[PDB]
Amino acid sequence: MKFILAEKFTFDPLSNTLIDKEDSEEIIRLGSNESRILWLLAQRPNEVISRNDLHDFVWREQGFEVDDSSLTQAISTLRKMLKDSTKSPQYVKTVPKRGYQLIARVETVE
Amino acid sequence: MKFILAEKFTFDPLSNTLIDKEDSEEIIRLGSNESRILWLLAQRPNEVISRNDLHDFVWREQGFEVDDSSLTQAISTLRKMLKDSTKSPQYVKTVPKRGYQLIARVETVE
Amino acid sequence: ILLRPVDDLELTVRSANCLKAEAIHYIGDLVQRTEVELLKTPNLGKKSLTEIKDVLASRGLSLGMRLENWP
Numbered sequence: 006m007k008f009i010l011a012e013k014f015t016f017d018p019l020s021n022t023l024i025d026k027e028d029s030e031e032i033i034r035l036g037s038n039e040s041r042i043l044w045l046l047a048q049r050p051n052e053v054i055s056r057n058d059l060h061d062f063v064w065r066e067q068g069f070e071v072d073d074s075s076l077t078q079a080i081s082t083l084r085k086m087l088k089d090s091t092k093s094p095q096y097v098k099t100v101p102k103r104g105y106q107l108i109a110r111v112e113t114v115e
Numbered sequence: 006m007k008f009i010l011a012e013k014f015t016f017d018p019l020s021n022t023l024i025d026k027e028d029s030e031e032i033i034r035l036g037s038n039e040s041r042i043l044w045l046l047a048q049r050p051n052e053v054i055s056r057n058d059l060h061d062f063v064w065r066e067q068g069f070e071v072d073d074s075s076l077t078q079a080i081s082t083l084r085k086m087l088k089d090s091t092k093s094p095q096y097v098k099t100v101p102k103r104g105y106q107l108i109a110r111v112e113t114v115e
Numbered sequence: 253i254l255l256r257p258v259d260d261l262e263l264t265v266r267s268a269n270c271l272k273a274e275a276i277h278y279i280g281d282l283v284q285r286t287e288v289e290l291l292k293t294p295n296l297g298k299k300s301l302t303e304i305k306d307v308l309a310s311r312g313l314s315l316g317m318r319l320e321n322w323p
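Residue numbers (PDB author numbering), protein chains in the order written: chain K, 6 to 115; chain H, 6 to 115; chain G, 253 to 323.
By construction, these hints were calculated from the structure, which means they are not laboratory data.
Even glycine gets a Cβ: it sits at the ideal position worked out from N, Cα and C.
Hints are supplied without guarantee of correctness; some may be wrong.
Claimed, not checked - Here are the computed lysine-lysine pairs in the BS3-like style, where the Cα-Cα straight-line distance is at most 25 Å:
#, chain 1, residue 1, chain 2, residue 2
1, H, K13, K, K85
2, H, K98, H, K7
3, G, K305, H, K98
4, K, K85, H, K98
5, K, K26, H, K92
6, K, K7, H, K92
7, G, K299, H, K88
8, H, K98, G, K292
9, H, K102, K, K85
10, K, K7, H, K13
11, H, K88, H, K7
12, H, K7, K, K26
13, K, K98, K, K88
14, K, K13, K, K92
15, K, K7, H, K98
16, K, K88, H, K92
17, H, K92, G, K305
18, H, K13, H, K98
19, H, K102, G, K292
Stated by the list, open to error - Just the calculated beta-carbon pair ranges, DEER-fashion:
#, chain 1, residue 1, chain 2, residue 2, range
20, G, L319, H, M86, 48 to 58 Å
21, K, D58, H, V53, 16 to 26 Å
22, G, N321, H, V114, 54 to 64 Å
23, K, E31, H, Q48, 46 to 56 Å
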């Protein structure tokens, strides 16, 4: 099933592609880790998810263990490639001591 | 058991032949390894397969003993024969440390 | 020596994470697995293997040796 974020981007959890409607010619390529993190965010629309829980769901299914700086770097690359605001709450933000938040709307294509 | 891939190719593993919808007369010859690779990708359309699984299923059936990088060479040859850009994959994706992916549409006639 | 936590080995955090990937808990577990078995691992590559084997040689017990009735 394909998801639409903030009526602007479209993304699918199964093929890991991003499409911007403003520039439909340029497909945006994302890494597997950030794509799975964003999909997990989309599964829970706009409610807080713990850093610990999202981290362990993303990487323990991968079969291997990494430090928690990897999560921060993945979110940094997610915000950078999406051209989301550096620290304003436009699409994705970080809520301290509680976890991570998404602001973009969820539109299931099918 | 013949497949259609991405609404463009017709794949025959029993005859290891690849046919284009654009080029119906042109039938391209693929080696045994590439045919088995694509056959497993088709048997699991879009679920992520593992490198150990491919090396096993391909070369444990014939009893061949090859190194792991032979899988990489087989995938490279398949990519060059499918005219699939590695930078922007449309048929075969490399999911790092998990294996490969068949993102193209796969249909089973009979 | 074979009964100490792999923590007491002074290895790079990458190596420790990789060893937790295979659930290596204590030392001696690390020594009954050869180099080819270990290298077939996500993220446990060449330089990490050289570091782990050099620290093992500082312990003096390189990878491979077998013992009796463990544990």
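Each hint tested on the structure:
1. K13(H) with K85(K): Given that 25 Å is the threshold and the Cα spacing comes to 35 Å, the pair is violated.
2. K98(H) with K7(H): At roughly 22 Å apart (the allowed maximum being 25 Å), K7(H) and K98(H) satisfy the hint.
3. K305(G) with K98(H): Between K305(G) and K98(H) the Cα gap is close to 35 Å, so the pair fails against 25 Å, i.e. violated.
4. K85(K) with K98(H): Holds, at roughly 23 Å.
5. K26(K) with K92(H): Holds - the C-alpha atoms of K92(H) and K26(K) are around 22 Å apart, at most 25 Å.
6. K7(K) with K92(H): Since the Cα atoms of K7(K) and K92(H) sit roughly 23 Å apart, the hinted pair holds (cutoff 25 Å).
7. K299(G) with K88(H): At roughly 36 Å apart (the allowed maximum being 25 Å), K88(H) and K299(G) break the hint.
8. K98(H) with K292(G): With a Cα-Cα distance of about 21 Å, the restraint between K98(H) and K292(G) holds, given a limit of 25 Å.
9. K102(H) with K85(K): 24 Å, holds
10. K7(K) with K13(H): 23 Å, holds
11. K88(H) with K7(H): 20 Å, holds
12. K7(H) with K26(K): Between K7(H) and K26(K) the Cα gap is close to 36 Å, so the pair fails against 25 Å, i.e. violated.
13. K98(K) with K88(K): It holds: about 13 Å lies between the C-alpha atoms, which stays within 25 Å.
14. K13(K) with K92(K): The hint holds at about 20 Å.
15. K7(K) with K98(H): 18 Å, holds
16. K88(K) with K92(H): Given that 25 Å is the threshold and the Cα spacing comes to 21 Å, the pair holds.
17. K92(H) with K305(G): 37 Å, violated
18. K13(H) with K98(H): 17 Å, holds
19. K102(H) with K292(G): 11 Å, holds
20. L319(G) with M86(H): 48 to 58 Å: Cβ of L319(G) to Cβ of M86(H): about 51 Å, so the range 48 to 58 Å holds.
21. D58(K) with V53(H): 16 to 26 Å: 22 Å, holds
22. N321(G) with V114(H): 54 to 64 Å: 60 Å, holds
23. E31(K) with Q48(H): 46 to 56 Å: 33 Å, violated
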